[PDB]
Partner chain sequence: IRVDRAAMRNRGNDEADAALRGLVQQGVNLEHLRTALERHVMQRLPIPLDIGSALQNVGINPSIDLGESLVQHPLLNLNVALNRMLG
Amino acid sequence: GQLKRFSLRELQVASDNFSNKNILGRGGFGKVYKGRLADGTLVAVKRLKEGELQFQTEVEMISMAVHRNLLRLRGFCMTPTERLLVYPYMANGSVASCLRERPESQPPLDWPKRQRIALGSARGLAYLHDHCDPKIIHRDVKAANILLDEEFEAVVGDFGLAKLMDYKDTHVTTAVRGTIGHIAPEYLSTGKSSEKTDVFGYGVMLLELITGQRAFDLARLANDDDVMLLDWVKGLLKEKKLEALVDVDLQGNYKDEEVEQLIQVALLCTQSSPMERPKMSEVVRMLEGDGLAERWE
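Where the form is solved without its partner chain, what structure does this chain have on its own?
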């Protein structure tokens, strides 16, 4: 067919009585666990722990949303008790994981990998908002949330804050959750999410992916610069200097104008008025070479 009920225990054991050295992070309603299906497949299984059912809404997710820059749920578990979600294990983890927390002597993303994460993700995002009916609001775009396959392809993942609209185009009226540096001002101001807040989010991800930085650092604050990753970059303008903002670990390894364009973009996307942010798809065009230079003033 193509969608998998599991017999839990049969998965306890695929995660070795779960916890411990199985944790790929203390997840959002519990925890992401590493995992070898019965065959020897790798799955990141999500666990539930003690409102709710924003479950079912990502079970019924695939049956409305398949694109290959969107993580795809293998299967699930019901039981009278707890609830879990199997996604394909992503060999190379989040873009974040690749940027802060890179193990041994593990190598960091070079430009074009960065280039490719930018487009593919803009890509699945553009699908969600456009070629789905009801529209789909992701509500959680951040590097942490962009996964990477074996050939370092961006997969927008974690559908656990994800809301179907319909409700024409404007907004889904829903309680402001996520972390700080990823929330659109009006979202914050106003309770409502929306394709235009996914943008914002998305554009801040670019800045991550561009920078190394977290969207909101206290470390920065300890140096009289801005805790606000946006605001930092915009010390871009005056202090005319690329070099410092751009992720240290790329040195001779990008070219000046490649990076300008991509910044121009996150900037077009994080603008204050929703109205002027590119639609995710105009975002894709622009990544694909299509008409940025006027889209601004």
Second form
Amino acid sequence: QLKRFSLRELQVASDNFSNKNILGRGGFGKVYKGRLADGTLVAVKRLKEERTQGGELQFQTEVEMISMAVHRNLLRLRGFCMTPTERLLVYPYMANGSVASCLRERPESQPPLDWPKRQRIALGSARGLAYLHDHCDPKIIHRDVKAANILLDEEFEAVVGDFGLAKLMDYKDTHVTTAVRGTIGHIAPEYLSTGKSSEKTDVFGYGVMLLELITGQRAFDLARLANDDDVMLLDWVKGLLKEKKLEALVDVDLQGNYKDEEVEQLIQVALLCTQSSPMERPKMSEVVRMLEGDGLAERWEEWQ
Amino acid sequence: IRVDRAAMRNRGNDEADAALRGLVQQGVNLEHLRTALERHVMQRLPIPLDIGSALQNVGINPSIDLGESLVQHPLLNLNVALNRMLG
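Right, the form solved without its partner chain is done, so what does the form solved in complex with its partner chain look like?
Once more the chain from above appears, this time first in line as the rest of the complex follows.
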């Protein structure tokens, strides 16, 4: 059973949803920080007041997904609340917020996200995905892999967070026909053009997420820059990697505190992951081995 | 109230085809159009005012301004309907 909260319980946990408690905002609604009766910290997602079908599909999906995936690198839905007027989902509080929240959209003078901490995120979040793809039956395509959906606990361990857009796929299928859903810039070209997704769209989304992680910027910010040179984002990044103009890419906020070889290898994973050819795109478990140490230089050689 | 994912998906495919029918009706350049839609949806390249109106005419509102998570969008549905028609 999944804990069903009363609206009042969450009202009290949140101080009647005080603005002092807001962690995130969007068209979807709001996320409040909360504390339960037993001192448990939580994040409460209050959906917008308008009962459109998008939110509803997402709400039902997150709820159903509760018993299909369990893993230390996946955020687990602790509960829900459903009054006529209200839709709420409850999660474990993540002390250090979204990865995106730490990346230059970070408020005020919050301390920059150290490089070794970014490598840890890349690894942990890759494990969560590998799990969704290889060890769930049916396979789960997350379909919304991006910096905003990676939460960090007090030890900065990475947790992949939002399953509203998730898609079950038969373990044996190579694809499943479904509407194009996701975040612009994180949706795979083949999926965009055919409406046929697979785990490989997640890999592509992950690859872009890494660009966010290396750059410190949203996929949207990046796109504009690539255009300025009137080049496609991926040819732009690839071009910078090849010409050693990497200074142009790396999160300036990192100052310079990073090994030039480490960052490059991470960019390489990114590019391998975002290849237009899904079959050449590595499995997420291969990415995990790659990030751990094994197999990168070889796979990157097979690139050219 | 159980939401039907298939129905939602069917409606988007239908609103998109009705929209594509109109664009073919209005002599819009389609192999032309693939490009504006592809470059918009991937690279977030800003949509031409030329065609913004043409889409607005067909009821498809430019444009995917948000960097938010899309459960669906008319532009994405349309882009799929195009590629079906042109291999």
